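Enquirer: One letter stands for each residue in the lines below.
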Amino acid sequence: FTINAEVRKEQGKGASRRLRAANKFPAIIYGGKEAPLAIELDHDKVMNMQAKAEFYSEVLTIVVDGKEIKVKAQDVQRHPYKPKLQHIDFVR
Amino acid sequence: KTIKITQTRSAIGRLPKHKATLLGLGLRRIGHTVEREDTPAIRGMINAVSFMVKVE
Amino acid sequence: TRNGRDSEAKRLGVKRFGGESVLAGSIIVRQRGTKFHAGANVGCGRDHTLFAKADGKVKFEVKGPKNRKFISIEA
Amino acid sequence: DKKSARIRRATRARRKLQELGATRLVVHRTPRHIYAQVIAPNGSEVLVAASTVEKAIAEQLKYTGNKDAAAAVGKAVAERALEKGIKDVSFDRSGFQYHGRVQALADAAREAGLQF
Amino acid sequence: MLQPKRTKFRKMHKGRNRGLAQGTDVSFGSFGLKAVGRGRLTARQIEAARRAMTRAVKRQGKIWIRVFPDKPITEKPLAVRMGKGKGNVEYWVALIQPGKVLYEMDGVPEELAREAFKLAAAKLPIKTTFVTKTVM
RNA sequence: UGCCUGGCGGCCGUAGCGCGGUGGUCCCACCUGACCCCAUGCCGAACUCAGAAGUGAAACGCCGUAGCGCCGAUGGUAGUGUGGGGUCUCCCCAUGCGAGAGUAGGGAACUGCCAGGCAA
RNA sequence: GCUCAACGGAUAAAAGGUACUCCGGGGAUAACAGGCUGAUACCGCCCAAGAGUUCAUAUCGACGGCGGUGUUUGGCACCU
RNA sequence: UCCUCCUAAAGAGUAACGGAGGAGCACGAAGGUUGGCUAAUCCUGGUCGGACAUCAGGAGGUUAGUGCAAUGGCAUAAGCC
RNA sequence: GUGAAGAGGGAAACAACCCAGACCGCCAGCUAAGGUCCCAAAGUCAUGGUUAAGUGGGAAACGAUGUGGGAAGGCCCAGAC
Ligand SMILES: [Mg+2]
Ligand SMILES: [Mg+2]
Ligand SMILES: [Mg+2]
Ligand SMILES: [Mg+2]
Ligand SMILES: [Mg+2]
Ligand SMILES: [Mg+2]
Ligand SMILES: [Mg+2]
Ligand SMILES: [Mg+2]
Ligand SMILES: [Mg+2]
Ligand SMILES: [Mg+2]
Ligand SMILES: [Mg+2]
Ligand SMILES: [Mg+2]
Ligand SMILES: [Mg+2]
Ligand SMILES: [Mg+2]
Ligand SMILES: [Mg+2]
Ligand SMILES: [Mg+2]
Ligand SMILES: [Mg+2]
Ligand SMILES: [Mg+2]
Ligand SMILES: [Mg+2]
Ligand SMILES: [Mg+2]
Ligand SMILES: [Mg+2]
Ligand SMILES: [Mg+2]
Ligand SMILES: [Mg+2]
Ligand SMILES: [Mg+2]
Ligand SMILES: [Mg+2]
Ligand SMILES: [Mg+2]
Ligand SMILES: [Mg+2]
Ligand SMILES: [Mg+2]
Ligand SMILES: [Mg+2]
Ligand SMILES: [Mg+2]
Ligand SMILES: [Mg+2]
Ligand SMILES: [Mg+2]
Ligand SMILES: [Mg+2]
Ligand SMILES: [Mg+2]
Ligand SMILES: [Mg+2]
Ligand SMILES: [Mg+2]
Ligand SMILES: [Mg+2]
Ligand SMILES: [Mg+2]
Ligand SMILES: [Mg+2]
Ligand SMILES: [Mg+2]
Ligand SMILES: [Mg+2]
Ligand SMILES: [Mg+2]
Ligand SMILES: [Mg+2]
Ligand SMILES: [Mg+2]
Ligand SMILES: [Mg+2]
Ligand SMILES: [Mg+2]
Ligand SMILES: [Mg+2]
Ligand SMILES: [Mg+2]
Ligand SMILES: [Mg+2]
Ligand SMILES: [Mg+2]
Ligand SMILES: [Mg+2]
Ligand SMILES: [Mg+2]
Ligand SMILES: [Mg+2]
Ligand SMILES: [Mg+2]
Ligand SMILES: [Mg+2]
Ligand SMILES: [Mg+2]
Ligand SMILES: [Mg+2]
Ligand SMILES: [Mg+2]
Ligand SMILES: [Mg+2]
Ligand SMILES: [Mg+2]
Ligand SMILES: [Mg+2]
Ligand SMILES: [Mg+2]
Ligand SMILES: [Mg+2]
Ligand SMILES: [Mg+2]
Ligand SMILES: [Mg+2]
Ligand SMILES: [Mg+2]
Ligand SMILES: [Mg+2]
Ligand SMILES: [Mg+2]
Ligand SMILES: [Mg+2]
Ligand SMILES: [Mg+2]
Ligand SMILES: [Mg+2]
Ligand SMILES: [Mg+2]
Ligand SMILES: [Mg+2]
Ligand SMILES: [Mg+2]
Ligand SMILES: [Mg+2]
Ligand SMILES: [Mg+2]
Ligand SMILES: [Mg+2]
Ligand SMILES: [Mg+2]
Ligand SMILES: [Mg+2]
Ligand SMILES: [Mg+2]
Ligand SMILES: [Mg+2]
Ligand SMILES: [Mg+2]
Ligand SMILES: [Mg+2]
Ligand SMILES: [Mg+2]
Ligand SMILES: [Mg+2]
Ligand SMILES: [Mg+2]
Ligand SMILES: [Mg+2]
Ligand SMILES: [Mg+2]
Ligand SMILES: [Mg+2]
Ligand SMILES: [Mg+2]
Ligand SMILES: [Mg+2]
Ligand SMILES: [Mg+2]
Ligand SMILES: [Mg+2]
Ligand SMILES: [Mg+2]
Ligand SMILES: [Mg+2]
Ligand SMILES: [Mg+2]
Ligand SMILES: [Mg+2]
Ligand SMILES: [Mg+2]
Ligand SMILES: [Mg+2]
Ligand SMILES: [Mg+2]
Ligand SMILES: [Mg+2]
Ligand SMILES: [Mg+2]
Ligand SMILES: [Mg+2]
Ligand SMILES: [Mg+2]
Ligand SMILES: [Mg+2]
Ligand SMILES: [Mg+2]
Ligand SMILES: [Mg+2]
Ligand SMILES: [Mg+2]
Ligand SMILES: [Mg+2]
Ligand SMILES: [Mg+2]
Ligand SMILES: [Mg+2]
Ligand SMILES: [Mg+2]
Ligand SMILES: [Mg+2]
Ligand SMILES: [Mg+2]
Ligand SMILES: [Mg+2]
Ligand SMILES: [Mg+2]
Ligand SMILES: [Mg+2]
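Protein sequence lines, in the order shown, are assigned to chains V, Z, W, O and M. Under PDB author numbering, read the first sequence as residues 2 to 93, first letter to last. Under PDB author numbering, read the second sequence as residues 2 to 57, first letter to last. Under PDB author numbering, read the third sequence as residues 6 to 80, first letter to last. Under PDB author numbering, read the fourth sequence as residues 2 to 117, first letter to last. Under PDB author numbering, read the fifth sequence as residues 1 to 136, first letter to last.
No lab work stands behind these hints: they were computed from the structure. Please note that the accuracy of each hint is not assured.
Just so you have them, the derived chain V footprint on chain M, three or more residues with Cβ under 8 Å [unchecked claim]:
| id | region |
| --- | --- |
| 1 | 14 to 25 |
| 2 | 33 to 39 |
| 3 | 128 to 136 |
DSS-like mimics (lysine-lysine), calculated; alpha carbons at most 27 Å apart, straight line [stated by the list, open to error]:
| id | chain 1 | residue 1 | chain 2 | residue 2 |
| --- | --- | --- | --- | --- |
| 4 | M | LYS133 | V | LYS73 |
| 5 | M | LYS86 | M | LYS8 |
| 6 | M | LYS127 | V | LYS85 |
| 7 | W | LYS74 | O | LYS17 |
| 8 | M | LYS84 | V | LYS83 |
| 9 | V | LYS85 | M | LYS86 |
| 10 | O | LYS3 | W | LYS58 |
| 11 | O | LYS3 | W | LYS71 |
| 12 | V | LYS53 | M | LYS123 |
| 13 | V | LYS53 | V | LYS85 |
| 14 | M | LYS133 | V | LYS83 |
| 15 | V | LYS83 | M | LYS127 |
| 16 | O | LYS56 | W | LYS68 |
Where a beta carbon is used, it is the ideal one built from N, C-alpha and C, also for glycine.
Whole structure, please, built from the sequences with the hints as guidance.
Expert: The structure is reproduced here in structure tokens:
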């Protein structure tokens, strides 16, 4: 339950779809007094991660720029019919 | 500082606003290197018809 | 067909929009019921037609307990 | 509740009178005491105000809450109003039926010199 | 055969079946038949696909129908010219966007579920897929 | 300066509901009374007048609490202007705009003039 | 003083027949044939509740679904 | 012929033998204005009296009402007195 | 928007589709759409893969150890298929 994840720079409809069509998908980390952090990450890992029931309950430590952030998956966006994730909301 | 605009497409099957915009830039025919003063407006005019004009 | 009827259209709406300079007596809004209400220097005729009562610029406001749209004029 | 029924009973006068943009003389009546205040056409700031709660007027009278007291306030308000420079005003009865104390106040306000 | 018990208006416009579906997640049951394709399911098709499910799984189990028609389709009779009024309402349809869960099932095995949804999926015009209720 | 009332606004739910309170020296309320003013399509209930034995019950004001309502990012999604494209009932791509719903969270309004009482 | 309601009101005042017909025009508009389309018709296929002494798929195939053809009934009025 | 809604693509306008309804009036009070008022529908108790007539309190708060369709509008009430 | 009222190049031929608006001449050059082995002007161009069906060069439900990529999930030296 540890995943490496890049920081987002471009964000919108154009960037997100370009990203999604590149084996990755956008997510976001937020919570506490700190500012939110938009987080690009790989699809094929997190797709295999969600099969386990612990994923939507236990604490995940997401690795960003060296720093490991402790979070829980609050909300999630499935792709309408294809078995694949669009977006995840990581509450801190 | 001025900017050199060039028309790179025909203004035939275009919208009346795009027919106007080229008349506002002063572009008449394809391959017309017209130079204008760089302002927030002219860049907007270029942005309106970016598909058919090229900037230098 | 059983139906195939309709009335002639009434041309109702905001004739003078917010910020526009209007002369004393100019119709600002033709409408049915008081959707917009009469504010400062604006009247309201038998037809609920809001009209300017003074030469000035039209101002749309959203005030009151029930949060209604009011039309005022300021010189 | 009574108050709320009196507020809405008054509102038509207030909302009509603020539209015209006139200086209103509000008169709040009470079983014990009567109040009166001349309010600017904007509605926020007060120019003149008097009541039977004021000791200056209360010290003189027998009982604070009757026709003879209402006249003493109605005189007092209109006496100040003319010194400030006010003369042409309106009378907002404030959801109180124009008959007794408020009438005695109004008639005293007329007889004092205030023009309405 | 499913149909609205009384409506406001008899005949409705054609419209345009566009966008993605809303009833996407498997809410009630454990399994579900999700619509991959775009289309419109008639009142007959739903009953026919329900009968194919209910008979496969026998008396046991529990089935939901997330889709309902509430859209009347008109049809003009044979040997009739154009115009002279909107046609008469013949059948009722539910418009199905991609992602829409059609049927949901509970109280059966995963092995025997898929086979029951194949038999229904065969009856329907729209291309479908199996979906399981994931916890959040 | 402050703490308590009333009057009239500004602002209209972060401001409203419920629940739990607590306040009477003035202020407010009920309360007292019914020749007089006035009132009831019956009724001093209401409206009205003349009062000061009572209480803070109700109503009102103030403090406390998220059970609701209410406000609400960031990110994504839908939609869509313009030029393209496709397998063209429907989509997609470049670029511009960008929701609604939900989520973290916020959240028992904030003030204006004026009057009165009390600690000064 | 007017359902001048054919409601910008031709007159105060007006219905029919023609296969005995005629003139001016129209493929601006039908009947035949062609065309475009394929609801219908025809012809295939997809799933399998059942029949068949037992046994879905020898032979049928309900409920539904997807195509082809231009052969029927049609629609449209693009040619004449 | 006239009115209302949608079709009508967030100003106006916009067709079809497209989709649904109305009008050819009513009123010296149903106008004026002044001064008041607040509804539906339930709950429980009460003579005849019962689901429902009239009464009392409590609940909800505009589901009401608007001389007539439909629309927009109204507690400052355009509502009912 | 185009034709109507617009020729010219392309889409085999093809008023409305893509490119583009003919004042006249020249046996000049650069480009648009679209193209470049031969009919017929120009790449038998360069590199990396896919395709074996003549797909390209008409079509659906559904059917299939076709064939490429991937990302995972079931077992070994106690020797699984
Ligand atoms: Mg942004
Ligand atoms: Mg885009
Ligand atoms: Mg926090
Ligand atoms: Mg040039
Ligand atoms: Mg030039
Ligand atoms: Mg209309
Ligand atoms: Mg119309
Ligand atoms: Mg000017
Ligand atoms: Mg008038
Ligand atoms: Mg029913
Ligand atoms: Mg639409
Ligand atoms: Mg929807
Ligand atoms: Mg929903
Ligand atoms: Mg007919
Ligand atoms: Mg309450
Ligand atoms: Mg309260
Ligand atoms: Mg005490
Ligand atoms: Mg009393
Ligand atoms: Mg005492
Ligand atoms: Mg006392
Ligand atoms: Mg109390
Ligand atoms: Mg409070
Ligand atoms: Mg909190
Ligand atoms: Mg706010
Ligand atoms: Mg909200
Ligand atoms: Mg808001
Ligand atoms: Mg926002
Ligand atoms: Mg921000
Ligand atoms: Mg956003
Ligand atoms: Mg678009
Ligand atoms: Mg486009
Ligand atoms: Mg292109
Ligand atoms: Mg915004
Ligand atoms: Mg928002
Ligand atoms: Mg929200
Ligand atoms: Mg919701
Ligand atoms: Mg929440
Ligand atoms: Mg915070
Ligand atoms: Mg919290
Ligand atoms: Mg609160
Ligand atoms: Mg509270
Ligand atoms: Mg507070
Ligand atoms: Mg707090
Ligand atoms: Mg606030
Ligand atoms: Mg406060
Ligand atoms: Mg006449
Ligand atoms: Mg006529
Ligand atoms: Mg006639
Ligand atoms: Mg006519
Ligand atoms: Mg006409
Ligand atoms: Mg005529
Ligand atoms: Mg003949
Ligand atoms: Mg003849
Ligand atoms: Mg003859
Ligand atoms: Mg002839
Ligand atoms: Mg014609
Ligand atoms: Mg024939
Ligand atoms: Mg024919
Ligand atoms: Mg053909
Ligand atoms: Mg054909
Ligand atoms: Mg066919
Ligand atoms: Mg077959
Ligand atoms: Mg078969
Ligand atoms: Mg067979
Ligand atoms: Mg075939
Ligand atoms: Mg033929
Ligand atoms: Mg023809
Ligand atoms: Mg035609
Ligand atoms: Mg010909
Ligand atoms: Mg007409
Ligand atoms: Mg609408
Ligand atoms: Mg419209
Ligand atoms: Mg419109
Ligand atoms: Mg529009
Ligand atoms: Mg016009
Ligand atoms: Mg038209
Ligand atoms: Mg029409
Ligand atoms: Mg009629
Ligand atoms: Mg009379
Ligand atoms: Mg009356
Ligand atoms: Mg009247
Ligand atoms: Mg009187
Ligand atoms: Mg009144
Ligand atoms: Mg109503
Ligand atoms: Mg209504
Ligand atoms: Mg009446
Ligand atoms: Mg012509
Ligand atoms: Mg041409
Ligand atoms: Mg040509
Ligand atoms: Mg050619
Ligand atoms: Mg061709
Ligand atoms: Mg052609
Ligand atoms: Mg050609
Ligand atoms: Mg092109
Ligand atoms: Mg040109
Ligand atoms: Mg030209
Ligand atoms: Mg030219
Ligand atoms: Mg030449
Ligand atoms: Mg050159
Ligand atoms: Mg060259
Ligand atoms: Mg090309
Ligand atoms: Mg080629
Ligand atoms: Mg050749
Ligand atoms: Mg050639
Ligand atoms: Mg060659
Ligand atoms: Mg060679
Ligand atoms: Mg080579
Ligand atoms: Mg190769
Ligand atoms: Mg192919
Ligand atoms: Mg083929
Ligand atoms: Mg297949
Ligand atoms: Mg297979
Ligand atoms: Mg292979
Ligand atoms: Mg393979
Ligand atoms: Mg491989
Ligand atoms: Mg790879
Ligand atoms: Mg591998």
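Enquirer: Would you mind marking each hint as holding or not holding in the structure?
Expert: Structure-based check of all given hints:
| no. | hint | result |
| --- | --- | --- |
| 1 | 14 to 25 | holds (count 4) |
| 2 | 33 to 39 | holds (count 3) |
| 3 | 128 to 136 | holds (count 4) |
| 4 | M/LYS133 <-> V/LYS73 | holds, 20 Å |
| 5 | M/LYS86 <-> M/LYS8 | holds, 17 Å |
| 6 | M/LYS127 <-> V/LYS85 | holds, 18 Å |
| 7 | W/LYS74 <-> O/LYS17 | holds, 18 Å |
| 8 | M/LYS84 <-> V/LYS83 | violated, 46 Å |
| 9 | V/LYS85 <-> M/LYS86 | violated, 44 Å |
| 10 | O/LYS3 <-> W/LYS58 | violated, 38 Å |
| 11 | O/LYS3 <-> W/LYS71 | holds, 22 Å |
| 12 | V/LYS53 <-> M/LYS123 | violated, 34 Å |
| 13 | V/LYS53 <-> V/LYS85 | holds, 15 Å |
| 14 | M/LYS133 <-> V/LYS83 | holds, 15 Å |
| 15 | V/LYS83 <-> M/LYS127 | holds, 12 Å |
| 16 | O/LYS56 <-> W/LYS68 | violated, 40 Å |
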